[PDB]
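Yeah, one chain of the complex is gone here, protein chain that is, but the others are all in their spots.
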Amino acid sequence: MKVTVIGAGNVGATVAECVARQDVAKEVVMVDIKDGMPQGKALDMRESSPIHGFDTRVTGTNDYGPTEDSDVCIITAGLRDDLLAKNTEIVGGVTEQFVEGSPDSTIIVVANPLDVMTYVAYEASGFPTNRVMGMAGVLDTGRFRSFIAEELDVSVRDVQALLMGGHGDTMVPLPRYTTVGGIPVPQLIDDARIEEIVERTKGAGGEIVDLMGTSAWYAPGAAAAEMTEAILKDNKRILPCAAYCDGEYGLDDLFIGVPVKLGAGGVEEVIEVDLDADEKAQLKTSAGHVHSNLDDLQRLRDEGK
Amino acid sequence: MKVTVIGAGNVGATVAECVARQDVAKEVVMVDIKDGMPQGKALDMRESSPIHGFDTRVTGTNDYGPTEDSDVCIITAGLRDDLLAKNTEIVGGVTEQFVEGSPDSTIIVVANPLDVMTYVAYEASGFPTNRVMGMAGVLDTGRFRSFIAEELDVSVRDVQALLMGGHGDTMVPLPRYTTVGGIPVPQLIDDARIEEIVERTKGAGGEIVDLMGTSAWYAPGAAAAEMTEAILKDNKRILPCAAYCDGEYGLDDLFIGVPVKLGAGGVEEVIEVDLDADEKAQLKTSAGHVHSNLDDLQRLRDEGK
Amino acid sequence: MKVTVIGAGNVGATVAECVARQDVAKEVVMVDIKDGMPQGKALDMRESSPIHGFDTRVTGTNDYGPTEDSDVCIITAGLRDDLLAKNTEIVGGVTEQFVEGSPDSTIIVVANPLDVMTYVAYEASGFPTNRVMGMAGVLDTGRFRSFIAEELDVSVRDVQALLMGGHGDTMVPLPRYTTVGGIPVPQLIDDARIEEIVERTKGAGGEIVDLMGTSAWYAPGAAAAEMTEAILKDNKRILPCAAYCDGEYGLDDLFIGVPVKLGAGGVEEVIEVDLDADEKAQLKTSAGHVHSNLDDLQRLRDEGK
Partner (left out) sequence: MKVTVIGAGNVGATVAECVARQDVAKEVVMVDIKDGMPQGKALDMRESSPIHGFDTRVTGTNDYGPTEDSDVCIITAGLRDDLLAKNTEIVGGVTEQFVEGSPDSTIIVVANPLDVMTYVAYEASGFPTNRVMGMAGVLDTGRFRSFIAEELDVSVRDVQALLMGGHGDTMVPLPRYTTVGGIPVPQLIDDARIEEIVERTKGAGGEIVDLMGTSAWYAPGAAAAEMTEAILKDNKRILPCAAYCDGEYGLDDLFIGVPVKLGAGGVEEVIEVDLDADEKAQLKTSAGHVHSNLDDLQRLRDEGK
C-alpha cells in the first residue's frame, strides 16, 4: 500500500513521518510545490529509518507522477473570504492533480476551514462520498482527552471523548460522552471545571499560535496519521471526522464532524449518537455555519474570486 | 526494576513473557516448585529475546533467593471448602516466602477465589492495603469488550467497559458504563443482545474450559501484565481490580472488584462511580458472597483444615 | 491478508498469537485435528485482544474451509525412520488439505526433520520452489545471539549472527559472521568460549527438553512469526531459512539452511556468502545428511511405510 501526503510543511511532514514509523505502508510520498523541501525532508526521514527500524520508503517530489496508484492521500497544503478563496484554489487544484493518477484512493483533508475544504476536495475528486473526509474531531478529542487526563492525573489511555461539529466556536462538546476508565467525566469533574476545559479545547489552536507564533503540527499530524492507519488496516475505528451525512442527525447533503466507522471503504458508516435538546441546537448552529461558508464559496465563484 | 512471578504454569509464564516483551523491567523471575519447568521456560524466553528484541532478563528458579528485592510480584500459583483451603495454603505460603526477601514490593494476586485470595495474600504479606490487589476486572472487561467489538464489527481500541464485583455470577456488569467511540453501548446494541453478552462474560472462563478442557491463560496473563506495567511506569491507569475498600460504595474492610488508580503506590485511589438501585443490589450480593467465603476461611482454620 | 497456522499446540499457538499481536494480518486461523483445542485457544486470544490492543481476528477450527484464500501458512503439526515416516504423513497430508483452498499461498514449515519436511511440503504443495521454506536458522541464530549477548552483557539488539545448514550436529556456525555492534565476535570472545557457545547452540533444543521434559515454543514460535511478518510486509529481510538451492554453494536440487531475502515473493533470492575450506566441508557434511534423509524417505515409501 502507498500513501501520498500533499504538502511537506510541518503538518504534512509529520503525517508522513508518523505513517512511515507505523511500518504498515510500503511507501509514503510527500509532494509539495517548493523545490527541494520534500526531497530534503524525505531524505532525512529515510536516514532515520534504520534508527527507528521502519522499512516504509519515504519519497519527496514536486511532481505528481510519483504519487500514482496511491491508496490514501492526506491533503495538508493550505495557508474570511480571502482565505476561503485561497484555500479553495489550493485544495481543489492539488486534488485534481492527484486523483488523475490515483483514481482508487481515499482522501483525508487537513486544510481550513476544514468542513468546507472537505467538500471542495470531494467535488474536485470525482469520488463517491465515502472516499473523502476531513481530519478535525480526532485532533479536538485528543486535545480534550489530554486536558482531562492532566486534570485528573490519569493515563491518557483511559480517557475517551466524543466531539462533533466544526472547529472552534462551532465545535460541539459532549462531556457526558467523555469517560475515564468507563466513568463519565461529569461524575469526577464539576461543571465549572468541565466548562473551562471545553473552552480551552475550542480555543486550543489559537492558544498554541499565541504561544509560539505559528500553528500546531505534532497533534494534527498524529491525528491524520491515525485516520490513515485505520484505512490501511481496515480496523474499523470509530472516530469523529468531517464526513458526508445523508439524513443522520437530520442533516443532509453535508460534510460535518460526526462519529464514523473507518476502514478500507473509507467512511463505512456514520454513527448516530443521541443528542439532547441543547446538543441538537449546538449542532444546528454549527451546520448553519458550514452552510454559510458553502454559500460564500459560490458567491466568491460568482465574483471571479 | 525487578518483577517476580510465582508459578510458572500457563498463566504465570504468560505474565512473565508479556512483562519481558514490554522491555520495561530489567529482570523477570519465575519461581515454581516443579524442578526444571521455570528454568526451561525462562531459557526458551531468553532465546526468543533477540527475535522479539527485548533486553529484560528472564530467570527461572525453584528458590526464593533470586526473587529478592522485587518491585512487583504476581502470584499465580494455585489449583468449595477444599479449594478455599488448598489455595489459601498455597497463596499464604508463597506470599510468606516471597515477602521476606522483597519487603518493598507490590503484589498482584491471580488465584481463585480471587477476592478472598487477595485478602489471604494481604494478610500473609504484612504490607499495607494499597500494596496488595487482585487481577479480575481487567480480564472480565477485556472479555466484555471483545464480545462488544465482535458484535458491532468495531476496533477493540475503541471499546471501553467497566465491570465490578467478583468473578462469575457475582460479577457486576455496567452496560451504561460501556462505550464505543464514546457512545454508550445501549444506544447501539439492544437490551436482549447486551444481556446475552453479559451472560457470556460471566461464564467466559467456563466456556473455555468446556472447549479445551483446561482454563485460559492468554487473556488472564495479558491482564496481569497490564497491571504490572502500570505499577512499573507509574502511569495512573484507571482499571477495575480487587482492592481494599474503606467506605467506598458503602463497603468496608473488604477486598473486592472496584475501579482504581494504579501507579507506583499500588492502589493509589479507589474511584467511586454512581450506581443505581439495581447495581447497588448486585454489588451488595457480590459483597455478601465474598464475606461468605471469608467466613468459610475462618471455619476451615478452626477445623484444622 | 490472512494467515493459517496448521497445528494448535504450543508452537502453533505461539506463532498464531505472535502474528496476531503484530496487528498486520486481518485474520489468523488455527487448524488442528483435536476437537475444541484450536477453538479454545482462539477464543482466549480474542479475549486478550482488547488488552494487548490488536484487531487481527483469531479463529480456531478443525476443518480447512476457514483457511481458504490464505496468504501465508505455517505448518507446525508434527510429532529415525519411524519419525520420518510419521511426520512425512502428517506434513504431506495437511499440506494437501491446505493448498486446495489456498493456491496462492506461501508456506513455512516447522516440523522435524526440518530440511526434509520442507521438501515434503514443497512436493505436496504443487507450488514453485520460492513459495515453500522451513524455519530453522532464525531460531538457531536467535539462540546463538542470546548466548553471545549474555556472555558480553550487551543488548541483544546489537548482536547479529549467521548460521547455515541443518539443526544440531549438522548446523554450520559462522562465528566470523557474528558481530556485536559491528565488531566481529572473535575479537571480543576467545576461541574456547566461542566453541562452548557453538556447542550449546547445537544442543539447545535438547537442553530445554532435558530441563522441562518437552520441547521449546516461545523462541520457535517467535522465529516463524518473524518470517511470516517479512512475507506480509514485503520488507526484504535477510534471514537464514531452509530454502531451495539451485547452484548456490554448489548445492543443487536441495532445501537446506541458507541466508535468503524474504518478501511477498517468498524466497526471492538465496544469498551466497563466502565460505572457507572448513566451512564448505561442514556444509557438505550437512548436505550429505539431508540427502541421506531424502534417501530414507524413498526407501520407506518403497516399503509401504
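Per-chain residue numbering starts at 1, and chain names A, B and C are given in the order in which the chains are listed.
Criterion: contacts are C-beta pairs under 8 Å (C-beta built on N, C-alpha and C of every residue); 3 or more make two chains touch, one makes a residue touch a chain.
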Residue of A:134, A:142 or A:257 in touch with the missing chain, whole complex considered | A:142
May I ask which residue of A:15, A:45 or A:111 touches the chain that does not appear here?
-> A:45
Contact partner of the left-out chain, one of C:33, C:83 or C:271 | C:271
Specify the residue from the set A:96, A:196 or A:207 that touches the hidden chain.
-> A:207
Which residue from C:26, C:34, C:57 or C:261 sits in contact with the chain not drawn here?
-> C:261
Considering the whole complex rather than only what is displayed, give the residues of chain C touching the chain that is not shown.
-> 141, 153-155, 157-158, 160-162, 174, 177-184, 187-188, 230, 235-240, 259, 261, 271, 273-274
Which chain B residues would touch the chain omitted from the figure, given the whole complex?
-> 23-24, 26, 55, 233-236
At which residues does chain A meet the chain that is not included here?
-> 17, 36-37, 39-41, 43-55, 138-139, 141-143, 145-146, 149-150, 155-157, 159, 204, 207-208, 211-213, 216-219, 221-223, 226
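Everything that follows uses one rule, which is that only the chains that are shown with their structure count from here on.
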Interchain centroid distance [CA atoms averaged], chain A/chain C, Å = 43
Provide the C-alpha centroid distance between chain A and chain B, rounded to the nearest whole angstrom.
-> 38
Multi-chain contacts in chain C, i.e. residues touching at least two other chains, fall at 55
